[PDB]
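Let's start with one chain on its own, the form solved without the ligand, as C-alpha cells.
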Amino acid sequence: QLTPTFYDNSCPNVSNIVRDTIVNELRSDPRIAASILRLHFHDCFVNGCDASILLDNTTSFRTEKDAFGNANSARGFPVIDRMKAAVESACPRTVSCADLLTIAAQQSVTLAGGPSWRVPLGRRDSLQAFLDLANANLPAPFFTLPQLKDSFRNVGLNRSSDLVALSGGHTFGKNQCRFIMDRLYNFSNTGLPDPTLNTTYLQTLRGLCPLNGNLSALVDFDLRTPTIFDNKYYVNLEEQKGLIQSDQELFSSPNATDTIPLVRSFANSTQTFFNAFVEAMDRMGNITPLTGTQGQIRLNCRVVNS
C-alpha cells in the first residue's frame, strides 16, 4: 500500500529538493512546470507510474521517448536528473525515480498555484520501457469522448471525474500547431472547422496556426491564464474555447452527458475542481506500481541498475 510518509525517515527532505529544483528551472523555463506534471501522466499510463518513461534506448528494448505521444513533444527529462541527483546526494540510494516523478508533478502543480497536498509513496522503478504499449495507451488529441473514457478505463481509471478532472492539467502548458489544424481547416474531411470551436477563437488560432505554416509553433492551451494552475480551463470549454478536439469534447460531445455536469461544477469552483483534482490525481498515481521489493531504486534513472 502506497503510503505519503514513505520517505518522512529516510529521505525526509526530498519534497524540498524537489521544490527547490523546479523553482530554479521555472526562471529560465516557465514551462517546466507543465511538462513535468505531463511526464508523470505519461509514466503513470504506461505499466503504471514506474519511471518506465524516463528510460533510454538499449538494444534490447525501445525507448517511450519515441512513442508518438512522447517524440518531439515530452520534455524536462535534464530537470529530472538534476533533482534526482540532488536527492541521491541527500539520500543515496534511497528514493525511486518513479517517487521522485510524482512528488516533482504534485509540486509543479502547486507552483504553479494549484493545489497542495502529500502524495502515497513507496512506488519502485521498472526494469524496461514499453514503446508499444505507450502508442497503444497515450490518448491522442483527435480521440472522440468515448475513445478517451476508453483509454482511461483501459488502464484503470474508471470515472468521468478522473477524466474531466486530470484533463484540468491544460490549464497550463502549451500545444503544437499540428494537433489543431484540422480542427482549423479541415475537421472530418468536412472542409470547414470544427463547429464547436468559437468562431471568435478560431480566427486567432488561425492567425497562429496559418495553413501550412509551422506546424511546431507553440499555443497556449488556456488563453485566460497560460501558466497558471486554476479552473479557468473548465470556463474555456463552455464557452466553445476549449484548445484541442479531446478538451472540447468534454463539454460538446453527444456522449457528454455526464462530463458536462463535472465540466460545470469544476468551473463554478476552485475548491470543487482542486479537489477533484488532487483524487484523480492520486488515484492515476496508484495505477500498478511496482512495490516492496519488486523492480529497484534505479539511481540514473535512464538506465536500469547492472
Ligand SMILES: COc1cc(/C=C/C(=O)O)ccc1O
Given for the second form:
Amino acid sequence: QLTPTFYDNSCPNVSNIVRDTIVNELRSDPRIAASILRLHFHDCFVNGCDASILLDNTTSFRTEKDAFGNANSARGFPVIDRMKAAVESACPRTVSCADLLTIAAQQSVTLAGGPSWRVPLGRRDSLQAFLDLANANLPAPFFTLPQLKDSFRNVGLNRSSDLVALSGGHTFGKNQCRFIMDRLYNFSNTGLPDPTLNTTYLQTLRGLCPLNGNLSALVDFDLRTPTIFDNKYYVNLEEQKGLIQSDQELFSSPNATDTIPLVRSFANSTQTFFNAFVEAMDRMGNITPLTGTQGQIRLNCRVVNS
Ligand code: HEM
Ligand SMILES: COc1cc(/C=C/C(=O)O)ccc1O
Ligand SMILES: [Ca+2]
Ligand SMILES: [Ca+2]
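Could the form deposited with the ligand bound be shown next, to go alongside the form solved without the ligand?
To see the whole picture, the full complex is given below, headed by that same chain.
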C-alpha cells in the first residue's frame, strides 16, 4: 500500500528539496509548475505512475517522449533531473523517480496557489518505456466526452468526478494554436467554428491563432487567471469559454448529464474543487504502481540502472 510517510525516516527533506527546485525555476520559467503537473499525468496514464515517461531512447525500446501527446509538447525534463540530483545528494539511492515526480506535481500545484497535501509514496521505477501504450492511452483535445470517459476508464479512473476534477489542471498552463484551429475555423468538417465556443472569445482566439498562422504559438488555458491554480477554469466552461474541445465538452456535450453538475459544483466553490482535485489526484497517483522490490530506485531518471 502506498503511504504518505514513506520517506519520513529515510529522506525527511525530499519534499523541501523538490519545492526549492521549483521555486527557483519558476523565477525564470513561470510555466514550469504547469509543465510538471502534466508530466505526472502523462506518466500515470501509461503503465501507471512508474516514471516510464522519463526514460530516453535505447536500441530496444522507444521513448514515450516521441508520442503524439508528448513530442514537441511535454517539457521540464531537465528540471526533474535537477531535483533528482539534489535529492540523490541528500539521500543516496532512496527516492524513486516515480515518487519524485508525484511530489513535484503536488508541490507545483501548491506553489501555483492550489491545495496542499501529502501524496501517498512508495512507488518504484519501470525497467522500460511504452511509446505505443502512450499513443493509445493519452486522451486527445479533439476527443468527444464519450472518448474522454473511455480514456480515463481504460487506465482505471471510472468516476466522472475524476475526469471533471483532473481536467481542472487546465486552470493554468499553455496550449498551441495547433489544437484549436478546427474549433476556430472548421469544426468537424462543417466549415464553421465550433458552436459551443463563446462568439466573443472566438474572435479573441482567432486573433491569437489566425488561419495559416504559427501553429506552435501558445495560448493560455485559463483566460481568467493564466498562471494561478484556482477554480476559474470551471467558471469559463459555464460561459462557453473552455479553450480546447475536451474542456468544453465537460459542460456542453450531449453526454454531459453527469458532468454538468460537477462543473457547476466546482465553479461555485473553491473548497469543493480543491477537495475533489486532491481526491482525484491521489486516485490517479494510485494507478498500477510498482512497489516493494518490484522495479528499481532509478539513479538517473533517464536510464535504467546499470
Ligand atoms: C481530459 C483530457 C485531457 C486532454 C485531452 C488534455 C489536452 C491538453 C493539450 C492538447 C495540452 C496542450 C499541449 C501543447 O500545446 O503542447 C495540454 C496541456 C496541459 N495539460 Fe492537459 N489534457 C487533459 C488532461 C489533463 C490532466 C489530467 C492534467 C493534470 C491533472 C493536465 C495538465 C495539463 C497542463 C498543466 C497543461 C499545460 C502544460 C504546459 O503549459 O507546459 N491535462 N493538455
Ligand atoms: C498533444 O496531444 C496530441 C497531439 C496530437 C497531434 C497530432 C498531429 O500533429 O497530427 C494528436 C493527439 C494528441 O493527444
Ligand atoms: Ca508511466
Ligand atoms: Ca487559473
